[PDB]
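**Student:** Chain by chain, the residues run as shown.
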Amino acid sequence: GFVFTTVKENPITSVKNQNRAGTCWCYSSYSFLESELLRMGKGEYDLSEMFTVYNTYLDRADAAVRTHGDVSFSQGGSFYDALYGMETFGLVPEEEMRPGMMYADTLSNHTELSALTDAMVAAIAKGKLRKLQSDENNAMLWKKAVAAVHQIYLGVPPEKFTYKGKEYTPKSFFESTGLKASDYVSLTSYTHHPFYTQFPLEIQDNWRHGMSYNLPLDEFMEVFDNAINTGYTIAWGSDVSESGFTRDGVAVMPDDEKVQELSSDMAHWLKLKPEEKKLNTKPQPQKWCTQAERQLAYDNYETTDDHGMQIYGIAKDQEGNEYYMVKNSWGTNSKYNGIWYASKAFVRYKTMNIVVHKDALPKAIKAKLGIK
Amino acid sequence: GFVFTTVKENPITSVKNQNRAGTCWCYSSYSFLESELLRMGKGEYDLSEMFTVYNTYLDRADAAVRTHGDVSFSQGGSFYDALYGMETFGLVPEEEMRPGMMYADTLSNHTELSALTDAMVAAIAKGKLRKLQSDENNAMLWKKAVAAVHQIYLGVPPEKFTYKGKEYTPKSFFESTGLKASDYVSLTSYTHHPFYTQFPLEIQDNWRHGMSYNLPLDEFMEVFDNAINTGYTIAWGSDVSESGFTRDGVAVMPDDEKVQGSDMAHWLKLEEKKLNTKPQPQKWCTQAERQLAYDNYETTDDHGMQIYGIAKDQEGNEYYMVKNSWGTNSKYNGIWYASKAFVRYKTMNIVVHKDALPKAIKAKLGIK
Amino acid sequence: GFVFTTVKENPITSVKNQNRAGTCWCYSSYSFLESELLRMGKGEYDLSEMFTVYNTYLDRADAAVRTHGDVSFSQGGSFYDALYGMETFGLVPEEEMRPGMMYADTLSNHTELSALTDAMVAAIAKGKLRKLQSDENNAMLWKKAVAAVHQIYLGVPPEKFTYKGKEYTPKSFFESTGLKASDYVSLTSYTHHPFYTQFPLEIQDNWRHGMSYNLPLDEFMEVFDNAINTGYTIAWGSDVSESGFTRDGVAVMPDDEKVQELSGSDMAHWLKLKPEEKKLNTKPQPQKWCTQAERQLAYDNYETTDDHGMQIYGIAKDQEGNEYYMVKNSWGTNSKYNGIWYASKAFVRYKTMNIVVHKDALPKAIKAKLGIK
Amino acid sequence: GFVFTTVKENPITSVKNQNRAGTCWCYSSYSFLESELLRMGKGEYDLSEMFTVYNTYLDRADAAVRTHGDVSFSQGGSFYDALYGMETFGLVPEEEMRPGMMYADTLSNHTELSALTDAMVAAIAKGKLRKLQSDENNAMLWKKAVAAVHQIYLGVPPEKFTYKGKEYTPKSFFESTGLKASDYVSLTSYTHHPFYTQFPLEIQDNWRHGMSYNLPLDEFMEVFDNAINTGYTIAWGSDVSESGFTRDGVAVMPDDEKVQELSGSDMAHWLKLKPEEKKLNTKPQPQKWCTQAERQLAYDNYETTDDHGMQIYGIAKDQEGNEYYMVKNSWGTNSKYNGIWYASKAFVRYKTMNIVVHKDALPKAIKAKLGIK
Amino acid sequence: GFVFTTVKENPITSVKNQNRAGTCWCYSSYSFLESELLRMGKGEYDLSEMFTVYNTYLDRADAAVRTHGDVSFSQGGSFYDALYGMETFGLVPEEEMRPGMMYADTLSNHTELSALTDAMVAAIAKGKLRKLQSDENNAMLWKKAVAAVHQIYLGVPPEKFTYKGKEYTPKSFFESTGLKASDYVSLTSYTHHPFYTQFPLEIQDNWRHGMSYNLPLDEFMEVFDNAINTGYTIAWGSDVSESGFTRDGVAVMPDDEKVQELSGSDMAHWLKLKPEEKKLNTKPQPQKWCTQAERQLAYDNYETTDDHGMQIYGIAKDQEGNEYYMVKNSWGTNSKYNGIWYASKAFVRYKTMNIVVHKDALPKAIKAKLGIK
Ligand SMILES: *CC(=O)[C@H](CCCNC(=N)N)NC(=O)CN
Ligand SMILES: *CC(=O)[C@H](CCCNC(=N)N)NC(=O)CN
Ligand SMILES: *CC(=O)[C@H](CCCNC(=N)N)NC(=O)CN
Ligand SMILES: *CC(=O)[C@H](CCCNC(=N)N)NC(=O)CN
Ligand SMILES: *CC(=O)[C@H](CCCNC(=N)N)NC(=O)CN
Ligand SMILES: [K+]
Ligand SMILES: [K+]
Ligand SMILES: [K+]
Ligand SMILES: [K+]
Ligand SMILES: [K+]
Ligand SMILES: [K+]
Ligand SMILES: [K+]
Ligand SMILES: [K+]
Ligand SMILES: [K+]
Ligand SMILES: [K+]
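Residue numbers (the UniProt record's numbering), protein chains in the order written: chain L, 33 to 295, 297 to 405; chain W, 33 to 292, 296 to 305, 308 to 405; chain U, 33 to 405; chain S, 33 to 405; chain R, 33 to 405.
Do not take every clue at face value.
Below are the DSS-like pairs computed for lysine-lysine, each with C-alpha atoms no more than 30 Å apart in a straight line [claimed, not checked]:
| no. | chain 1 | residue 1 | chain 2 | residue 2 |
| --- | --- | --- | --- | --- |
| 1 | R | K304 | S | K163 |
| 2 | L | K311 | U | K163 |
| 3 | U | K175 | U | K192 |
| 4 | S | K391 | S | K40 |
| 5 | W | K290 | W | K310 |
| 6 | S | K405 | R | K405 |
| 7 | L | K175 | U | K320 |
| 8 | U | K377 | U | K396 |
| 9 | L | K192 | W | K175 |
| 10 | U | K176 | S | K160 |
| 11 | U | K315 | R | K306 |
| 12 | R | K160 | S | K160 |
| 13 | U | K163 | L | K320 |
| 14 | L | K176 | W | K175 |
Calculated from the model, a selection of chain S residues having no Cβ within reach of chain U, i.e. all distances over 10 Å [to be verified]:
| no. | residue |
| --- | --- |
| 15 | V39 |
| 16 | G73 |
| 17 | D91 |
| 18 | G122 |
| 19 | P125 |
| 20 | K192 |
| 21 | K196 |
| 22 | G263 |
| 23 | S273 |
| 24 | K306 |
| 25 | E309 |
| 26 | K320 |
| 27 | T323 |
Calculated Cβ distances over 10 Å to all of chain S for the following chain U residues [unchecked claim]:
| no. | residue |
| --- | --- |
| 28 | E41 |
| 29 | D215 |
| 30 | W321 |
Derived by calculation from the structure, the hints in this document are not laboratory data.
All C-beta atoms, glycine included, are put in the ideal place defined by N, C-alpha and C.
Only chain L is shown next, with the shape it has when bound in the complex:
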């Protein structure tokens, strides 16, 4: 089995549960922003994902209609959706818009909401309508309909609310946190664009076309360690549709060839049970990908924008392999109570993009990117 030893970890809030909704982009973004508020001495917060999820879906519906269905309308999103959201829509506390409150639950189940809203947006964006209807103030009626249905399943967004004795608006509550979207940068590492430049990742949930700074793979991984070692956390967008990512709290990238030599020869090893191979159950030699191997997986669909999480610490196993400590959003009913251990080889290979505070960047990388 695995025996992990924490090397360094930074403060995080409690593990949340997105339940039956594709809102990991918002839950991980808020785990990140809440750790940012803790680091900035602002205290512990519990931000409402349903508020940002609600406003993001309305903008995504508008994008689908403007592009006549090219922008897909689904539940996913990005870290930039939350950074854009707090500046544009603001923030509200968790108590003002809880998950499941409209259908007598305490956890999200957006299957019916999507079934209706996907059908509505498609009837407009991909239909035969030549002129969409509007009221005397040139307000579109279909936007009212999509907003009305979203409010029925997610709740009504508060215009004013009281939090710890003071009255706020979503905008004024965001201002009280002191957060600035300009303090955060998105980073990635690919070769189909020149290094040290900005490009929008060609993924479906990046329909806002948010930019990311492009770094070489080795410098990309240094930002991870530099952020954790200097007290920062990382918003981690990664591929999790791999055999190494298990339900038992670990994400590893084992070298299948090296494990076969330490065992049975190559012929007998290839007919040993998965329980007998122990590829994802014990510390194994990791495969350290090159920049080209990382690019191939992104080109050939083996690395997709699957899941958003938060990296907040570094740990080691009994054999000395290094891991990143990951805060998931699937509740606490797992081996490590909602915490995952992702090996550095896995993160190097399957990371789509990350968001960190600017001051988490090493001085040399800041200069190469032109960030003051």
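Fit chains W, U, S and R with the ligands to the supplied structure of chain L, relying on the hints for placement.
**Tutor:** What follows is chains W, U, S and R with the ligands alone, placed relative to chain L:
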């Protein structure tokens, strides 16, 4: 051409315009009920079709979901939808829910509303959802969604309103009119059910399964003349997808063989035959010929109108005076002249007041 | 009828014919770039649209696959596709890749090419494949397949060629022209984004997400006249799906109410009248001058769409003094004005999606508000 | 368990692996033709299936387009595809076109190739195109596209190559083998056509409409034994979608009623016993010996379909004396008998679609009834 | 206009009317066979197309099911369907199974029949059924269903009937005519197969895969004249989806370029004329004479398809001396020439798919090249 002379006509209200919506079932029903209020001495009314159209669509959406998509969800309806509606939802005046007020118009355009609501109802009724969501009061969330979207395109139904100095609710306003749904009967004429019995017509817009009394074709047509001659009007549901039904205010059933100076080989390769422009010999259908057209899709539940009078042409042919709901931009300002032969052949069903029925027919149907 | 008188127009090349392909974005871009070369004293050029169209489709196929089918794969494009293309792929003269040369024609017919490549891109982008195949050099095989099929219908791109005695590559030929993509800016006018900022237009053929500067409508229209009056031309991307845009060389925006008032007919007889008798698009009529909000509504409700790309190169007036922009289309010369269109300023104000001009065509005050040095 | 003893078997080449491609028709045909070359004293050969697979798919795409989609375009084929192929295209050694060489593999994976080419052929054969494009030499452009995509995934067919010191073309290399397609006949056994006549089997992969001689079922089975006993092998096209065809190297046709009686349990208790305790396909059991009508019903009601192509090369017996045919499969050697299957004579009698043998493998009397010299 | 003068014509029966059914293949085949019976001194016959149509559709449904939907199930057919039909099913006179008798008509309207049977065959051939049901005699139940529905719309086929005082069966009535399918050959002219060989045309309605002899185009046309001049008629399967094939009884192949050269207008004045003004199909014009390659291109690129079946029975000339073939159509007599068409020799040379003639209609030299006794 045609030269029509009114033989008798009964009071009607102004010609309305359903415009770009399949809501003729409600517009013709209200033309009928407004003539009924005039006949009963209640004065002139302008009832809101959009109020009943709104509530009918919510019930039709529920019917589609309960039957998992068997009941089709579309814009059409029946005279019974209005009779059931006034008893269940009530009535409001036209001013309280006008057509097009939500998209800066004065006439209906429900194409976008249908595009949205058809997609929503289908996602529930014909989708893969195994458990529909509900709130703490067991109210369905999808019904809230479908109702909210209808209100955005049709308007909010009034809970209270003031009409001619008095405050009303939709229910109390209906009660002030004195209308009773039990005073009205639906009549049809087909042979796939026994005569003088009741059966629900097997048509898509009769999803409420309203009953109709079955009469022989000759006795069926006697109700038409007796109703007009005793001062009543008729809610007329008929097939209008015929070559004889023209946009120029006439509906005729000409005998193609009898009209044929051109030989048969020249006639079958000839608008030039002046078939719908002058008085022609009519095809007087038998009961079996009427039944075949209903069985083979040639007679379908197309359109709802109001018959309010009888007229003659220059040659003495009898016509029924029809009040359509397509506005007044036609040859007779929204009025149609339907020959008795056309009505005999293409009528789906009619609704009249009980007292418009002859006494002998009333007894055969068992109507007190 | 119409009688037009040129007020001022700037030099253009011959009218081209895109024929049966949705490549107006490239033909108008090159009509624009060729006028830029004439203005810069470089002479007359005939740049190959098929070269840029070929390389653009390979990038669009890649965009469709990376976004798993979100980016639609179709024939359209944008002015930025050509501006990006000349910097990335270069330029070749018309003779090196002519339209229709592969199927024994002289004009484009890309219907069969699209039928195949649309089916190919969809099989990859929207299929069930879990791992796309690659060779020993990590090159994707599907990109080789899509590139090979495009070459069979469009031709092989030249690596080297000789033009007027000198040997070139596509890159070195572009460098010999002196064109710079940084000299050109995209402009638009909408209110769903703040004025004097940059945003990518939310249209399907802008899959590269090229930015456009947002201007108020009146300052936006000032760029048109200042560009023409100072000797520049305009790459004009506009909606042409209007009743006022006719096949007879005019694009007008008539006020239906004012024309109805100045005729004996009333509202009832007019709404059931013969369009030949309304003379709405056949003689000078009072124009409908849209507000900023009316322009925004048409873009919001699908009445203003990214339909067609053309070139504005002059200003003209009719017999009544109404001003028009002179438009060079790419539908050949078999029209009333030999491939030239006259679009009234009211039509351009209402139906323009975006334009591309040289930076120096901007008035100095507008340059300052946009932060363009 | 099963214990097999060879009665007679004829020389075969090594077991191949078709991997993730529906190319069993070509791998079995080449196992058959290679045994023919050994029998004819020509030595051991390793013919390239990918060469014949490449050329066959181009002909199948042409057939699909000519019939506007009636001929399905899929990976399958028939023994006649290979016999026709060697006469028309020729033969090349394995080294000149290996499987997987284009996507850095050593075994075939044609899933992506099919995804593209199925989409391309359907866009032409089942689309709305009214006139397909052609070049100056009347060569169809879509055929160029389908060929180019196949070469990207399968490799370039060699025009010339050197094999064991001699230079060949695909045609001249085929001529050096001495093989003749006229030496081989297709045989089947059905009643919806008269016996001792020729008819093309009404199966999808027989889009070339190759003929088969129709024999009574008993005389059909006599050809099997006579071919093996006189030193010939058989190209065996058969249904393998049966419970009796197992992954453990056996293909049996057990009589469910007799096996139930042979166990102590009655009809009720037997029908609620687990399959491990049923032992239907794990030990020798009484076989179901079908009639001609029972064989016809299974072909008529979809229970016998053209699933798989293999090679029968020997006869074996089990511990109880039951006779089996020794089958060379093309799924590699990672099975109980290293890629070899044992198919009981009852299974072969029941589930055989058709066979191909050399003319001289036919008994003289059967050869006379068919009119074969 | 056209003024035609008959050069020679052979006896034919009355013009029939297929009405709303795709049964031209059977009506033209029986017009052909009836002229053969007149030529052989057997008298005039009126054979029932609905009898052969009924039995052909049952076989085509079986073909669709056996090929799991590859063979399309539609109303069309071929001349070989009737030649095969009379040998297999026999012949009955028109009176025993008339068109429309089942739905109170006198002419065919098979739209509803097709709607039902297309859905039935597709539910079997392209469905998910793994085992089709059969009765105690191994007869397929779906074949009973498809046959029952065909009888409801077409009528019950007679087992016995009385004709001119004698009682017949469908088989014995066919024998009384003396017709032999072996007396007739199918001919075509294409280059994707070797000349003077037999191949089945790759067309959807040739699902029986009937063979045709391949002739060079010039020798192919010699059979036309030799058959007519020696007293025979021709079963003519041709493409009729051309601008030259008009509803006014003519089928021409005018050279658009050559007519403009003899026209008074220039190239620019001609390409801007009204169709009625450019008199392409209304007056005798110079014809376009195709090469063998041009004929092949039209078959390859979908411009020549197996559209219509007719009968050629004579040769005629126009006022200017151009040669035409006299064609007996099956669209009734309500046309300019009462159901007769005049097809120029250039049209027949270009748009003919295949023909069927009696063996003795072939020239002696051509008969020898094909190896026909
Ligand atoms: C991690 C998560 O919950 C969402 C799931 C979205 C699923 N949507 C579709 N498959 N169409 N993932 C993301 O938001 C990734 N950015
Ligand atoms: C009254 C009216 O106009 C409708 C037309 C709409 C029909 N559309 C559909 N059924 N989908 N006709 C009726 O309501 C017939 N009673
Ligand atoms: C004007 C032109 O040729 C293209 C046509 C695009 C057609 N697109 C589709 N049929 N899906 N228009 C543009 O490129 C506009 N940017
Ligand atoms: C045995 C083999 O590899 C092929 C598989 C063809 C599968 N085809 C489709 N799923 N469409 N089988 C044959 O070639 C049978 N003759
Ligand atoms: C000439 C004729 O009647 C048929 C047309 C039927 C074809 N219809 C469809 N394929 N849907 N033509 C032929 O039979 C030519 N073989
Ligand atoms: K929270
Ligand atoms: K993955
Ligand atoms: K009203
Ligand atoms: K009708
Ligand atoms: K050019
Ligand atoms: K438009
Ligand atoms: K091999
Ligand atoms: K089977
Ligand atoms: K006949
Ligand atoms: K044609």
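**Student:** Look at each hint and say if it fits the structure.
**Tutor:** Consistency of the hints with the structure:
1. R:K304 - S:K163: Between R:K304 and S:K163 the Cα gap is close to 24 Å, so the pair holds against 30 Å.
2. L:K311 - U:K163: holds (25 Å)
3. U:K175 - U:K192: OK: U:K175 and U:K192 at ~23 Å, within 30 Å.
4. S:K391 - S:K40: holds (20 Å)
5. W:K290 - W:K310: With a Cα-Cα distance of about 12 Å, the restraint between W:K290 and W:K310 holds, given a limit of 30 Å.
6. S:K405 - R:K405: Distance of about 22 Å is within 30 Å: holds.
7. L:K175 - U:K320: Holds, at about 28 Å.
8. U:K377 - U:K396: Within the cut-off at roughly 22 Å; holds.
9. L:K192 - W:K175: holds (28 Å)
10. U:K176 - S:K160: holds (26 Å)
11. U:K315 - R:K306: Holds, because 26 Å separates the two Cα atoms, which is no more than 30 Å.
12. R:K160 - S:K160: Holds, at roughly 28 Å.
13. U:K163 - L:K320: Holds, at about 19 Å.
14. L:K176 - W:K175: The hint holds at about 17 Å.
15. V39: holds (45 Å)
16. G73: holds (40 Å)
17. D91: holds (19 Å)
18. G122: The assertion about S:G122 holds, with a minimum of 25 Å to chain U.
19. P125: At about 22 Å from chain U, S:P125 clears the 10 Å cut-off, so the statement holds.
20. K192: holds (23 Å)
21. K196: holds (28 Å)
22. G263: The assertion about S:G263 holds, with a minimum of 43 Å to chain U.
23. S273: Label holds. Min Cβ-Cβ 23 Å, cutoff 10 Å.
24. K306: holds (35 Å)
25. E309: holds (39 Å)
26. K320: Given a closest Cβ separation of 39 Å, the condition holds.
27. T323: Given a closest Cβ separation of 43 Å, the condition holds.
28. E41: It holds; U:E41 is separated from chain S by about 39 Å at its closest Cβ, greater than 10 Å.
29. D215: Non-interface label on U:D215 holds, nearest chain S Cβ at 39 Å vs cutoff 10 Å.
30. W321: Answer for U:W321: holds, closest chain S Cβ roughly 43 Å.
Every hint, counting from the list given before, is met by this structure.
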